[PDB]
Amino acid sequence: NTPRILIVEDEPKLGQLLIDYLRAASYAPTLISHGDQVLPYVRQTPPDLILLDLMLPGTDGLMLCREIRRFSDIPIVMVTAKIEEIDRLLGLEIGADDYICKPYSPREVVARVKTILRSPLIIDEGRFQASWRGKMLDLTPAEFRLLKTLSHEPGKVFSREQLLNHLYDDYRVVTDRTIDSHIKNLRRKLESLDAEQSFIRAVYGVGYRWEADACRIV
Amino acid sequence: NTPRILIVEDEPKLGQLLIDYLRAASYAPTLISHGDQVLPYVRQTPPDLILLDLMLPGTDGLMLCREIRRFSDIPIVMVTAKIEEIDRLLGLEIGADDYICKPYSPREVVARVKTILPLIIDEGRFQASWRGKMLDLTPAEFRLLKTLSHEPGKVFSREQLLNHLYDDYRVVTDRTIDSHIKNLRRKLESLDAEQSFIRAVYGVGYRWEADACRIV
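Protein chains in written order, with the deposited numbering: chain A, 9 to 126, 141 to 240; chain B, 9 to 125, 142 to 240.
Only chain A is shown next, with the shape it has when bound in the complex:
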């Protein structure tokens, strides 16, 4: 159960070469000698991608290309020139000032084929963004760290000193404000989206507590 690729190529040597490269890339290559055979094959045995050699000038490639596109939206890679290997490049050491423009290699053909074939509170710490009921929140890095801290352990009272230590451990957080300022600001932005939800409770000298749902981390 791997992606199958139909190679429409007349030249037998290159045809086999593309088969060798594609099969080695864990694909299922199939070769066709152009002509009438192509169309019914695409209808009965549809591939996941069509590698088509437009024998330019010819125009017979483009005509077949246009014919296939009429009844199917299967991706077609229109080969313009003659695909050749460059084994001279293999083993070549690339420095910091050595820029090698990509060749017209069967390797690069395989490469392009690979490219073509590819809790109301949600917090993503990979991109550092949060959302309440789907609505995005515009938070400063401190308001974010406090949001994730409280919402991860809901019903847990965090003292003002504890939250500071979560802000200290989080570089990308530099703050001249106080904890009370942030909590109000974060709550203000949360109440902007809801106003019907009890988000953060503040008991002086005791600490802050998240009184909403547990954040879902992505």
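Please note: incorrect hints may appear among the correct ones.
[Unchecked claim] Mimicking DSBU-like on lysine-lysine, the simulated pairs with C-alpha atoms at most 35 Å apart in a straight line are:
| no. | chain 1 | residue 1 | chain 2 | residue 2 |
| --- | --- | --- | --- | --- |
| 1 | B | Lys211 | B | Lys157 |
| 2 | B | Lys206 | A | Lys211 |
| 3 | A | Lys206 | B | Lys206 |
| 4 | A | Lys21 | A | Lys122 |
[Unchecked claim] Computed far set for chain B versus chain A, every beta-carbon distance over 10 Å:
| no. | residue |
| --- | --- |
| 5 | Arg12 |
| 6 | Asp18 |
| 7 | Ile27 |
| 8 | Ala36 |
| 9 | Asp44 |
| 10 | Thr67 |
| 11 | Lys157 |
| 12 | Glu183 |
| 13 | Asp192 |
| 14 | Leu215 |
| 15 | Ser220 |
| 16 | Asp235 |
| 17 | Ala236 |
Read the hints as simulated data drawn from the structure, not as lab findings. Just so you know, even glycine gets a beta-carbon here, dropped at the ideal spot from N, CA and C.
Based on the hints, put chain B in the right spot on chain A.
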């Protein structure tokens, strides 16, 4: 004073074509057709970049490039590309499932070549620069720099500079005015020292003490 680029191409049409495209990009192109000519040219008249076609007769470009790389670290682009296929495909509608496999065009290499190659404020792309050198400024530092330097000698209180940071929607920080000013001055003094940029007086405000900003 523009970047000099050496083109090593044996094919005359593509050679002249690369010259035209590169010169149009405000560069200084020089074409060499033979492999025995380039090496002494790289010595006597060193270019800023070498556009080297991998496939030229007489001597292969790889033994040619290994030679240049031995006595210079000038950036070398290894070209394996040809002319572009216009007219044949001109007018064709390229769908989301239509992928064109074609060799690099002389337009594309010039594109790739380009990639390899006192106070001014461009409020468009939101950047600044002092004495040529660009400034890495946070949205608050930028807004503060423009506000202060637009009117040198004028005193803004911290209450007023807060009004500006509040009216700027690019600005979202956890820092105060005093920190941004300390920062903005720290980055300016990192460039050229002994030049007094911002003066801060408590209870009075802040004052830009240098030349005015040149906008856009």
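To see whether the hints hold, each was checked on the structure:
no., hint, result
1, B:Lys211 to B:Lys157, "holds (11 Å)"
2, B:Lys206 to A:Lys211, "holds (29 Å)"
3, A:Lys206 to B:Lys206, "holds (27 Å)"
4, A:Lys21 to A:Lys122, "holds (23 Å)"
5, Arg12, "holds (16 Å)"
6, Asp18, "holds (17 Å)"
7, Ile27, "holds (18 Å)"
8, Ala36, "holds (19 Å)"
9, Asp44, "holds (20 Å)"
10, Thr67, "holds (13 Å)"
11, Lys157, "holds (24 Å)"
12, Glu183, "holds (16 Å)"
13, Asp192, "holds (14 Å)"
14, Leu215, "holds (22 Å)"
15, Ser220, "holds (24 Å)"
16, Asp235, "holds (30 Å)"
17, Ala236, "holds (30 Å)"
Consistency note: the structure conflicts with none of the earlier hints.
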